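Based on the hints, put chain O in the right spot on chain L.
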Amino acid sequence: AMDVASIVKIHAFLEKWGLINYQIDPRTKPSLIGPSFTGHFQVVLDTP
Amino acid sequence: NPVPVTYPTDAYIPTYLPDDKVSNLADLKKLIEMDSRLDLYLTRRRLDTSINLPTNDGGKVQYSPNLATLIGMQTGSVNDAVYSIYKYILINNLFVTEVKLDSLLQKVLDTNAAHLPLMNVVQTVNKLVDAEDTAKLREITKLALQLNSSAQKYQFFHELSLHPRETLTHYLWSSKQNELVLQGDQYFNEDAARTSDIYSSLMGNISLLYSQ
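If you read the protein sequences in the order shown, they are chains L and O. Numbering-wise (the authors' numbering), the first sequence opens with residue 147 and increments by one. All the letters of the second sequence, read from the start, carry residue numbers 6 to 61, 228 to 269, 313 to 343, 392 to 462, 469 to 480 under the authors' numbering.
Any given hint could turn out to be false.
Claimed, not checked - Between beta-carbon pairs, the in silico distance windows are: (1) L:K155 <-> O:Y449: 33 to 41 Å; (2) L:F187 <-> O:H425: 40 to 48 Å; (3) O:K438 <-> L:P181: 17 to 25 Å; (4) L:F159 <-> O:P9: 52 to 60 Å; (5) L:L165 <-> O:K438: 31 to 39 Å; (6) L:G180 <-> O:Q414: 38 to 46 Å; (7) O:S411 <-> L:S177: 47 to 55 Å; (8) O:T14 <-> L:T174: 26 to 34 Å.
Claimed, not checked - Chain L is nowhere near these chain O residues, computed Cβ spacing over 10 Å in every case: (9) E38; (10) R49; (11) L52; (12) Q320; (13) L442; (14) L476.
Just so you know, these hints were derived from the structure itself, not from any lab. Using N, Cα and C, we set each Cβ at its ideal position, and we do this for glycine too.
Chain L on its own, in the form it takes in the complex:
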């Protein structure tokens, strides 16, 4: 229910940094191991 100017502004902002609608195919980029080595990862979330 936001005004159109802000909706298009935030949408172009998110698309600028490639957070949404990022044109990419994973068949042309090979995999790799990051500086962070293998470990044991968890994501803590607030109780719903």
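What follows is chain O alone, placed relative to chain L:
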């Protein structure tokens, strides 16, 4: 072009020492500037000019009876010949500036073209006829670097007196960041690169390589 050498030729002779504790440094600066002015007078007199033979064994040449009419002499060095021929081409205003050959030049050159470049003219003219200073400059530049070393150690300890908290944390970070650089090439030494001990990031690298 000057030839590059393998040893330092000069040194900056630093000037961050306190000029009220160490004395006679300005005496050194005055002596160096004076030696810098005592050789600008020598190099000048090495390019010295001399006028010793306008007119005045192979230095003496007998001129032909034809060229003896453009010179006034019958013998003399080749320098006098080419100089006096040029002077004759110059006095009579023969160069085209609006060389145009004169009447007697027709005979002396045996040419009837009446117009010839000066290059051909002088062609027809020919057709008709030290260690010790290096040691001193290395000994001095071997002391201005010892001075440039003691001055750096003074600069360090003096900048350690003021702000010791700032210098010590820099020393501890330089240490923790340089002992790592020196320990980066101890993995490839040909006696620990064929014993299969370092092959069990040398595993993600083969992933990047195979993809490449």
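We went through each hint and held it up to the structure:
1. L:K155 <-> O:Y449: 33 to 41 Å: 52 Å, violated
2. L:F187 <-> O:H425: 40 to 48 Å: Roughly 43 Å apart at Cβ, these two residues keep to the hinted range, so it holds.
3. O:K438 <-> L:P181: 17 to 25 Å: Since the Cβ atoms of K438 of chain O and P181 of chain L sit about 19 Å apart, the hinted range of 17 to 25 Å holds.
4. L:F159 <-> O:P9: 52 to 60 Å: Cβ of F159 of chain L to Cβ of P9 of chain O: about 56 Å, so the range 52 to 60 Å holds.
5. L:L165 <-> O:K438: 31 to 39 Å: 37 Å, holds
6. L:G180 <-> O:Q414: 38 to 46 Å: 43 Å, holds
7. O:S411 <-> L:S177: 47 to 55 Å: The hinted range 47 to 55 Å holds for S411 of chain O and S177 of chain L, with Cβ atoms some 53 Å apart.
8. O:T14 <-> L:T174: 26 to 34 Å: Since the Cβ atoms of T14 of chain O and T174 of chain L sit about 56 Å apart, the hinted range of 26 to 34 Å is violated.
9. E38: 57 Å, holds
10. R49: Fine: 65 Å to the nearest Cβ keeps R49 of chain O off the interface.
11. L52: About 65 Å separates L52 of chain O from the closest Cβ of chain L, which puts it past 10 Å; holds.
12. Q320: 85 Å, holds
13. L442: 15 Å, holds
14. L476: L476 of chain O not clear of chain L: closest Cβ-Cβ about 6 Å, inside 10 Å.
The structure fails to meet hints 1, 8, 14 from the earlier list, while all remaining hints are met.
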